[PDB]
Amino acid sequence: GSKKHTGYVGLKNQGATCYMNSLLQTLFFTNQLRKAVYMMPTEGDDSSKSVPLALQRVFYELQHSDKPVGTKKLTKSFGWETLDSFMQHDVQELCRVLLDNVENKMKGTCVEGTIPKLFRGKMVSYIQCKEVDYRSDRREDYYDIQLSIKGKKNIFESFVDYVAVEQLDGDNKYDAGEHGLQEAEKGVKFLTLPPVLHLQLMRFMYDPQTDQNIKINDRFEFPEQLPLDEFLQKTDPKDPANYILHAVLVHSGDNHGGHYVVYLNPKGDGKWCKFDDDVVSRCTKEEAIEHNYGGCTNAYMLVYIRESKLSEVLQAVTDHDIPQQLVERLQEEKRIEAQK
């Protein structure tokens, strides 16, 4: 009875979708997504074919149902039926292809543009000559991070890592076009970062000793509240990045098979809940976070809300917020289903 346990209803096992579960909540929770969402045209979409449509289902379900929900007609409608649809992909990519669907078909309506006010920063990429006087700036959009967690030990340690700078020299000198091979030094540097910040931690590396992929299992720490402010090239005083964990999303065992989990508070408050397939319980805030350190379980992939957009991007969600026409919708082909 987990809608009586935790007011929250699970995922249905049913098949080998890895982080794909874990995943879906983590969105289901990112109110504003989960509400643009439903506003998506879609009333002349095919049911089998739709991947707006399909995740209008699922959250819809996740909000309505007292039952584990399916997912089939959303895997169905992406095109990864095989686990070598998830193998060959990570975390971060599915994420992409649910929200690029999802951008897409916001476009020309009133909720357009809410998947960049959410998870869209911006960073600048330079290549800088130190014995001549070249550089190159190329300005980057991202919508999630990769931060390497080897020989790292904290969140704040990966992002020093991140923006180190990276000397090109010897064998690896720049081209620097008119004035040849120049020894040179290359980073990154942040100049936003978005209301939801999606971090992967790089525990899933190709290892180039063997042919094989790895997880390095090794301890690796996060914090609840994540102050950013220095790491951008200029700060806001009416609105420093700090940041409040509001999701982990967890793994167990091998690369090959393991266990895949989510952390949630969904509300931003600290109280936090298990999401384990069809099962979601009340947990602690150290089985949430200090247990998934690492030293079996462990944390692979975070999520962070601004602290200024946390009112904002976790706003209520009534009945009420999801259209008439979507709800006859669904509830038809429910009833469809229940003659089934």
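Positions refer to the first chain, counted from 1. Whichever C-alpha set is largest while still superposing within 1.5 Å between the two forms counts as the rigid core. First, how it differs from the form deposited in another entry.
- Taking the core as reference between these two forms, the lone member of 137, 141, 207, 166 whose Cα moves by 2 Å or more is 207.
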The other form holds:
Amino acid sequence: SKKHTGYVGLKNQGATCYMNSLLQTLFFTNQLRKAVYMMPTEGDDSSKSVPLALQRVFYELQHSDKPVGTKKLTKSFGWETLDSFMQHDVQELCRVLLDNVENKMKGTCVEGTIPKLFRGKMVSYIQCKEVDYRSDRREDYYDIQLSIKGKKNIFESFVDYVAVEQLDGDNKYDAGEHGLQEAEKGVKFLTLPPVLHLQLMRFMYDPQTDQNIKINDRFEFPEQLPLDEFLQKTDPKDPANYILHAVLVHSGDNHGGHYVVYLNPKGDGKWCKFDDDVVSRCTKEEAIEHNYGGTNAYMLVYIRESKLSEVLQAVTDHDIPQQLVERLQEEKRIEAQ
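I've shown you the form deposited in one PDB entry. Could you give me the structure of the form deposited in another entry?
Coming up is the bare chain, nothing alongside it.
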């Protein structure tokens, strides 16, 4: 309900699984929201336009007192059934949403907003021990998948993410003309984005048991996350200290269950629980400490301390172009009549 917390829910759809959790998360990434409103969607069709459909949901979440529907948005990228959401991860849905937007924002004042907010950089190397050969590949990433099995916390997950793997014995590195060689494999972070999307791997295929198992283990994530020690080169002027913004939680059975997101929208430590149509205030401990598990958190969103004021900049009704408002209201008039 809007009068309590000032924020509005999304309509209850069991088929959509984790979409409402993602939509709310992306909606309260305010710099993206402003950016999404400026997309030149005039020419796009009312039914099959994902950028327009995201504009509608965002517009409605900003203005509506009643809960917001997502039926038009689901129809725009063709994930109508339950099976569609079941055979995709949350990061993949986010890729589908942000690609459409990123492509629409090309050739505009808002170009490069997605990579500005989300794109970091890393290096993957393979270094041979006893022979002079190295293989560096630079990669962009818009999200990080973290390992949690036998890991107490995020710090240990980042330790494991950058940990050097030893390619030796039966798993020796095929080094081309040099042949089978003992080698070291590893990953190093060059940059970390303003908005950091961390997915926690709670579904590892087990080799010994020979079955996909869910992981219900306790996993601790902090309100503040320093990441300088995991960068190759630290900047004194801009340290990589991050603030917890969102916690996407799942409960109950796999293949149905119940999805909730917890959010810290203004970055000010004042938490709200977004349970589909019901938005309500909650404690830090309900959002953070009580979702450690051992009910499990699967995605976490951190925002960089230095970029917080820009990323969560105040949106108003004036930051939506009139042409878009006129269009969306003209739809709302016809639907009601």
